[PDB]
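Taking the form deposited in one PDB entry, here's one chain by itself in structure tokens.
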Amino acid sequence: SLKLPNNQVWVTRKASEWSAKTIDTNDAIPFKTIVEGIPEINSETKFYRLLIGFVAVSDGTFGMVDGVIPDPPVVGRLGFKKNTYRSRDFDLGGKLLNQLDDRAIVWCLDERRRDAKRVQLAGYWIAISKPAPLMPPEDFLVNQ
């Protein structure tokens, strides 16, 4: 279930640590942010899976939402427990970025809702359509 078809690859990037907060709100990470800073990705990339893993300092619930101040998730909402690794594979359906750029993952904590590192995320893993071999642009070494 970490194996891919031959026309897809895994890409990843490091997740930021969460700072303490002063407002009362939902914690949400938008999909466009998850993808920012991954060079294999462009307007033609199709997206098949997003894997997330985390540990939280409280019980709570989480899931993916489509509206985006994002609502708590309804369909597919799942629970987690304090200090227990939780993970989730989200199916992205072979869609392009412009079709997923309204999505976010949202967490609702029972307690310690404003603490620093209240959720600690592993790297994000995304299965995408396999890119051509990476190469600098042809005009990179002009005036070298």
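Take the two forms, superpose them, and find the largest set of C-alpha atoms that agree within 1.5 Å; that set is the rigid core. Shifts are known only where both forms have a C-alpha. Numbering follows the first chain given and starts at 1. Compared with the form deposited in another entry:
- In this overlay on the rigid core, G76 has a C-alpha that sits 2 Å or more away from its partner position between these two forms.
- After superposition on the rigid core, stretches of three or more consecutive residues whose Cα atoms move by at least 2 Å between these two forms are found at 70 to 76, 132 to 144.
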Given for the second form:
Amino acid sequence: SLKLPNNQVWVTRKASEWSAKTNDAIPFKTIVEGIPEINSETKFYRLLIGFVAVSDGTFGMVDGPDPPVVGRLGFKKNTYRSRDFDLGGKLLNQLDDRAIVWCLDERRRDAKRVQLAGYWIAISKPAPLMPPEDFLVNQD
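Given the form deposited in one PDB entry above, what does the protein look like in the form deposited in another entry?
We keep it simple here and write out only the one chain, dropping partners and molecules.
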């Protein structure tokens, strides 16, 4: 079950296609850029990613590069892979040094070498939307 504790919600954001180039990393900062439900008090619980790569390789979360060797996760060419990263109820300012890094055995420069599904993020429920306090001045 992907059902969450009552005070959490899922949010999602589309992932960009990867262009050709000349290691690969998606910073957590970038993943959350522009999600309106997220502000500086938001607590983060889970990050789900899913992808298909054109090569075998490894990937992992890092914090500061090479992903650490112990704990590196593997993936196979043309095979859907996912991961549920635990974000530990932290705030953005304790996660904005993190990135997911991929290391491909081959086709390391090809466009679309990794194709991500949308990112899913379990976060603390934001404050409900409210219109401005004085929106209904001169309403009759």
